[PDB]
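**Q** Start from the sequences and build out the full structure, keeping to the hints where you can.
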Amino acid sequence: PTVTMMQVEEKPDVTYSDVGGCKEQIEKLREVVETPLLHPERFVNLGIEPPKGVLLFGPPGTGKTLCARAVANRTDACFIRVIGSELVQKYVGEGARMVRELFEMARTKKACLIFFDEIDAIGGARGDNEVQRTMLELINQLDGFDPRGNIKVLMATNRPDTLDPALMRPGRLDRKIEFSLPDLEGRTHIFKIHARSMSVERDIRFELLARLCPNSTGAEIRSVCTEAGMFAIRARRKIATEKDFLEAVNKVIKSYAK
Amino acid sequence: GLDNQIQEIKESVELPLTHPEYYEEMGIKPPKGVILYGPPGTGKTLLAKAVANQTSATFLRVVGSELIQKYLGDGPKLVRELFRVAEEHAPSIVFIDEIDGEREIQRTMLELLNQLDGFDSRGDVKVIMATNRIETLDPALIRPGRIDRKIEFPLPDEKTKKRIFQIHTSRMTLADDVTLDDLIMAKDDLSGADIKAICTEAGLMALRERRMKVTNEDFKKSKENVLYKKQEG
Amino acid sequence: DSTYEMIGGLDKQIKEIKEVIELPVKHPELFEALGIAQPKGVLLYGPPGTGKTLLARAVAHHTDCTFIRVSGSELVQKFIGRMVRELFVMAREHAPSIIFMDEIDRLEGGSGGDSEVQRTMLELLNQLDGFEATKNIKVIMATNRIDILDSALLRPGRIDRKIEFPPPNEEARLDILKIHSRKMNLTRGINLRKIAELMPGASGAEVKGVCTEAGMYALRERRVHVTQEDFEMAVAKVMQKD
Amino acid sequence: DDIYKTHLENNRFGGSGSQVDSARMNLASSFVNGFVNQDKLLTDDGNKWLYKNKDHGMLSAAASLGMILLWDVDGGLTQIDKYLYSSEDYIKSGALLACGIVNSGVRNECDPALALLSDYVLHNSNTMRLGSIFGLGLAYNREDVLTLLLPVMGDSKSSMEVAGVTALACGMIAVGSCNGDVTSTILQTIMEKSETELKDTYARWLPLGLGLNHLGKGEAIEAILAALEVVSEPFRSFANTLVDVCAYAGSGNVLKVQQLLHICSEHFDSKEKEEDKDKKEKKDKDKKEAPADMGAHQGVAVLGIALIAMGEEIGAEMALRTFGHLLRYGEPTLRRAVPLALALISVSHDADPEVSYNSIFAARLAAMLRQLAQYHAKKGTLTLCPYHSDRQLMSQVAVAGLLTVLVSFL
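Protein chains in written order, with the entry's author numbering: chain A, 159 to 284, 291 to 422; chain B, 189 to 288, 301 to 433; chain C, 145 to 225, 229 to 252, 258 to 394; chain f, 346 to 382, 387 to 489, 493 to 699, 714 to 728, 739 to 754, 773 to 804.
Please keep in mind that the hints were generated in silico from the structure rather than gathered at the bench. You may find that some hints are simply not true.
Below, simulated DSS-like cross-link-like pairs (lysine-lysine); rule was C-alpha separation at most 27 angstroms, straight line [unchecked claim]:
#1 B:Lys350 - A:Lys407
#2 C:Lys162 - B:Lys429
#3 C:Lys156 - C:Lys393
#4 B:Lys396 - C:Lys287
#5 C:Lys314 - B:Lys423
#6 C:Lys162 - B:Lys396
#7 C:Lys159 - C:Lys287
#8 C:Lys314 - C:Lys159
#9 f:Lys754 - A:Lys402
#10 C:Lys393 - C:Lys346
#11 A:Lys169 - A:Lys268
#12 B:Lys237 - C:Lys184
#13 A:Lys402 - f:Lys389
#14 C:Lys184 - B:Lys430
#15 B:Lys350 - B:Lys237
#16 B:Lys396 - C:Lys184
#17 A:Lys402 - B:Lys387
#18 C:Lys314 - B:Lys232
#19 B:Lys387 - C:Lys314
#20 A:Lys169 - B:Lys265
#21 f:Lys754 - B:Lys217
#22 B:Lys429 - C:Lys330
#23 A:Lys407 - A:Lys418
#24 B:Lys258 - A:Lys248
#25 B:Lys421 - C:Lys287
#26 B:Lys258 - C:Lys290
#27 A:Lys248 - A:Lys169
#28 C:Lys156 - B:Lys396
#29 A:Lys222 - B:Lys265
#30 C:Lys170 - C:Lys156
#31 B:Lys232 - C:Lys184
#32 B:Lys430 - C:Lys162
#33 B:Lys429 - C:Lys346
#34 B:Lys396 - C:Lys290
#35 A:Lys356 - A:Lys402
**A** Structure representation (structure tokens):
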């Protein structure tokens, strides 16, 4: 299927400081996604084992973007992500050799980090034996420390109605925290580090344009940062000013968010 | 009456893969496409607008979304096949026409919403959406597809139907009493297949007497069948 | 064969259909001065006109083309053939052809396999609507029975041709009854005019009803020649079922 | 107006001026600088750029400052005057070439050039004869300069480019003659051509000037006269078929189309290249008949005949479609010949084909030529002569000294 060619993640993308308002949570997950790799001996000598991972669920918000951010901020070798929407397909039974070949490649990559996305597409046990084989074999191949029980555990889902993962997650998963939706003053850093594009006039206050766009996901504010330079170059100009596309901003959020 | 419009949207759709000095060096990158719609619909107006790109290019045509309701809810797997074949066939143009339990339609509509945006894919192919009415579909499909610009179908500006009528009548034989202003002005919201249909039935009705030339009274007499047919139901 | 000597009474409708069917046959040069294309087809809704197939086999017999039906009513169901591409290959090899379903003219299994045939002709209309191999490929529907609802409902007359066909010419009652009297042994002192004009209201199938239902009295009395009194009794024998 | 309404970016002099090395990318920089004329930074980038290159690069860089100054006669004079009466041979010869290129109606540089050309054995006036006679021929039935070139044709110096720029000079002077001419000048060079059958490059570049003198014919039987006297061993018969190249400017002559298809199977693999190369000149208007199945054969020379026969028109997708299959080839002749017509017929699809050249390539010839096409990628005889004379590049690198001073551009 498309999960074999789409599974390998490359071509780095949006960077660390574009998090959606998460100030404490970015450390709660950075201490397990970045700190263990930067200091492997500090966690072996200072303790017994590095932390397992975190858990983000609830509201969608800017989900699926922060993990690609973790792929971008990788200092040694970008890890591989796994989606869940490709497991539930016709002619079941290939998921066994699939998880054994991707975990086999994980063993080929000196036990690299393996991210799992969209657990709700194979979750919610509540004729479903074909799904129980994939999700129970998956949890059997995650809680089971035989391949590796120390790399990473993280499930970025939208619906928390998964019965079996909710009772199996206390085994190896941890940090039952919420999604921490972006606040009003969170986007000012997205504008600060997104100002690395073509020369932007300093008259554009990042706090004003940041506070004049509520309920905007990370992909939405990324599309606004793209349409700023888009509508800034479409006029055959050389500088970007908020007075040139403020109507495009409050229109692209208001008329498209009514 | 849409030459500036068709060249504006033509430049808006031809900037990728052609004329690259003002596409990637300056940093345009509109990797989302456009969305179109016509009040008369029928696919011939939007096909006549997007047909300018079919001259020298590779085109893909998927009309209607009946292939989802006519069978079990397989999901967006067919859209994923069109996505992988569009990736293997990057020099092409994606075009979907006639875009028309409930918990599954919403999750496959949100999955199609995120899939159409292409979060994990850069500019590789252009996608153009088309439907009968933009008000029937949910407004959530606007941000992924239409992020550059949208256009609506104009009025009978007496120049579009005059130019199309000139192209269709570039080699036909018409009498001197056959005026044009009453035709292009009397019609309202008619596609090219309607004027081509009344010209076709007008020549076929004038052929009943071996007359190679079509008169205006026979043209309006043939138009009475279409005007009467559209008002009967 | 069923040539013009075995079908009559639709002079105006063949005069109107020669431009739909006979246009790509003998005068295809009008494509520039007229700008016509290949439509879907044509159909005749209403009562059975006793010859609904003799007209298609007549125009097809004069066009010098083959007649390949879909349902295969007479040993032509598996002779050609997923059983969906062989018809398009034979249509590609045989460019002149006329398609007309006759056998289709439980609600659980009959509409299941019949729904598979309807899906077959729907995807064939999708292939022929998208691309085209050769010309002279037209399909004709049949709406004469009561169980025909898909063809009458899916063809309202928006992108297809429609003909109001309750009162064809009164010759579907008169002169094609005379033609059906020419095949069988007919006497010389018969007057089919009054017995053919005095059968109103019931249906248009009075020809086949009076002939087939009169064959039981010509079979009872064993008369070497069919008399008018036999048809007179057949009128009552077909009006009793009304 | 070009300085006011248009402005070119410095990334061309930055890149193409930054990846110069191996004394050939510097030649590509002499093509960019040589044919650039808004910006004149690389010109004023100090000195020694002319000395770092080779002798042909000394001619190219010495002629660049003359090719960029087709304006301000006093400015071009006060800029090229420095290279005049220098110590090097190619600096002063390329300086006289520059004086011949800067203008075409001043004709005041004739006396200092022609005054010293009479040496006849070996002197700087031979290269000054290349640049002076070539540029003076680009400036212009002129009888004085031709009667002064008569001792040049009679000289026949070892350097072929002498008779090259002489025959091409008087040829471009004599293009468009009424029904041609059978004068004793070109009759004299035909007699001297028949005198000795050595150095076939004479039998290649002399029919250039001959055919240019035959240009403008309407009913001239001079091609049949050449078919009477000139017919000999296939060298002068190749000159005769060059006269046939300059003998079918265009009419209703389907007899040459059926006779062309009948002669398409000739054993001589050069008269097919030139006589069949005439296709782009004969049917240059009706382009619907030009595409054929010439590429599907095995005669790669014919693939070059169509490759050059593409032309310099708006460049429909059929031509670029031929450049798609013609682009990928192993021999440096076709791979070096494809970007010239590729970027001449498309002058905004310019960046993707160059990326294709970078994917196929990554020798030095394809690199210098690919940077040349990187520069110039973005019915008069003056635009038809330079490439028809440029159809002899598959030879020594001596032609590269004249390649940089083509007049086919504007």
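**Q** Hint by hint, note whether the structure agrees.
**A** We went through each hint and held it up to the structure:
1. Only pairs whose Cα atoms come within 27 angstroms are accepted, and B:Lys350 paired with A:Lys407 is accepted, the gap being roughly 22 angstroms.
2. Of the pairs offered as hints, the one joining C:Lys162 and B:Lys429 holds, with about 22 angstroms between alpha carbons and a cut-off of 27 angstroms not exceeded.
3. Annotation: proposed proximity of C:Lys156 to C:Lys393 is violated, straight-line Cα distance about 32 angstroms (limit 27 angstroms).
4. A threshold of 27 angstroms between alpha carbons decides the hint, and for B:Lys396 with C:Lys287 the separation of about 20 angstroms falls inside it, so the pair holds.
5. The hinted pair formed by C:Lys314 and B:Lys423 meets the criterion: a straight-line CA distance of about 18 angstroms does not exceed 27 angstroms.
6. Distance restraint check for C:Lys162 and B:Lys396: the Cα-Cα separation of roughly 20 angstroms lies within the 27 angstroms cut-off, and the hinted pair is therefore satisfied.
7. The straight-line distance between the Cα atoms of C:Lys159 and C:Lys287 is roughly 22 angstroms, inside the 27 angstroms bound, and the hint therefore holds.
8. Restraint check: the Cα-Cα separation between C:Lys314 and C:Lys159 comes to about 15 angstroms, which is no more than 27 angstroms; the hinted pair holds.
9. Of the supplied pair hints, the one linking f:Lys754 and A:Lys402 holds, its CA atoms being roughly 23 angstroms apart against a limit of 27 angstroms.
10. In summary, the hint linking C:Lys393 to C:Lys346 is supported, as the alpha carbons are separated by about 22 angstroms, within the 27 angstroms threshold.
11. Between the alpha carbons of A:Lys169 and A:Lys268 the distance comes to roughly 21 angstroms, so the proposed pair stays at or under 27 angstroms and holds.
12. Under the criterion of a C-alpha separation no larger than 27 angstroms, the hint pairing B:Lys237 with C:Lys184 is consistent with the structure, at around 25 angstroms.
13. Straight-line distance between C-alpha atoms of A:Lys402 and f:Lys389 comes to about 24 angstroms, which keeps the hinted pair within the 27 angstroms bound.
14. Proposed proximity of C:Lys184 and B:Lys430 is supported: the alpha carbons are some 19 angstroms apart, at most 27 angstroms.
15. With a CA separation close to 13 angstroms, the supplied pair B:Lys350 and B:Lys237 stays within the 27 angstroms bound.
16. For the proposed pair B:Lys396 and C:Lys184, the alpha carbon gap of about 17 angstroms is at most 27 angstroms, so the pair holds.
17. Only pairs whose Cα atoms come within 27 angstroms are accepted, and A:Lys402 paired with B:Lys387 is rejected, the gap being roughly 46 angstroms.
18. Simply put, C:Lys314 and B:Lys232 have alpha-carbon atoms about 22 angstroms apart, close enough for the 27 angstroms limit, and the pair holds.
19. For the hint linking B:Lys387 to C:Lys314, the alpha-carbon distance of about 24 angstroms falls within 27 angstroms, and the restraint holds.
20. Annotation: proposed proximity of A:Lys169 to B:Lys265 holds, straight-line Cα distance about 25 angstroms (limit 27 angstroms).
21. For the hint pairing f:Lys754 with B:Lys217, the CA-to-CA distance comes to about 22 angstroms; that is within 27 angstroms, so the pair holds.
22. This hinted pair does not check out: B:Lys429 and C:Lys330 have alpha carbons roughly 37 angstroms apart, beyond 27 angstroms.
23. With a C-alpha separation of about 17 angstroms, the suggested pair A:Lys407 and A:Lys418 falls inside the 27 angstroms cut-off, and the hint holds.
24. At roughly 18 angstroms between alpha-carbon atoms, B:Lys258 and A:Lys248 fall within 27 angstroms of each other, so this suggested pair holds.
25. For the hint linking B:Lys421 to C:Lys287, the alpha-carbon distance of about 30 angstroms lies beyond 27 angstroms, and the restraint is violated.
26. Taken as a hint, the B:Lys258 and C:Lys290 pair is honoured in the structure, with Cα atoms around 26 angstroms apart against an allowance of 27 angstroms.
27. Our distance criterion of 27 angstroms between C-alpha atoms is broken by A:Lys248 and A:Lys169, whose separation comes to about 31 angstroms.
28. Of the pairs offered as hints, the one joining C:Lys156 and B:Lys396 holds, with about 25 angstroms between alpha carbons and a cut-off of 27 angstroms not exceeded.
29. Of the pairs offered as hints, the one joining A:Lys222 and B:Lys265 holds, with about 20 angstroms between alpha carbons and a cut-off of 27 angstroms not exceeded.
30. Simply put, C:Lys170 and C:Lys156 have alpha-carbon atoms about 20 angstroms apart, close enough for the 27 angstroms limit, and the pair holds.
31. Distance hint between B:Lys232 and C:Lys184 is fulfilled; the C-alpha atoms sit about 17 angstroms from each other, no more than 27 angstroms.
32. For the proposed pair B:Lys430 and C:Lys162, the alpha carbon gap of about 25 angstroms is at most 27 angstroms, so the pair holds.
33. Proximity of B:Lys429 to C:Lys346 is assessed by CA-CA distance (about 38 angstroms); at most 27 angstroms being required, the pair is judged violated.
34. Straight-line distance between C-alpha atoms of B:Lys396 and C:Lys290 comes to about 21 angstroms, which keeps the hinted pair within the 27 angstroms bound.
35. About 20 angstroms separates the Cα atoms of A:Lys356 and A:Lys402, which keeps this hinted pair within 27 angstroms; it holds.
In this structure, the earlier hints numbered 3, 17, 22, 25, 27 and 33 are contradicted, and the remaining ones agree with it.
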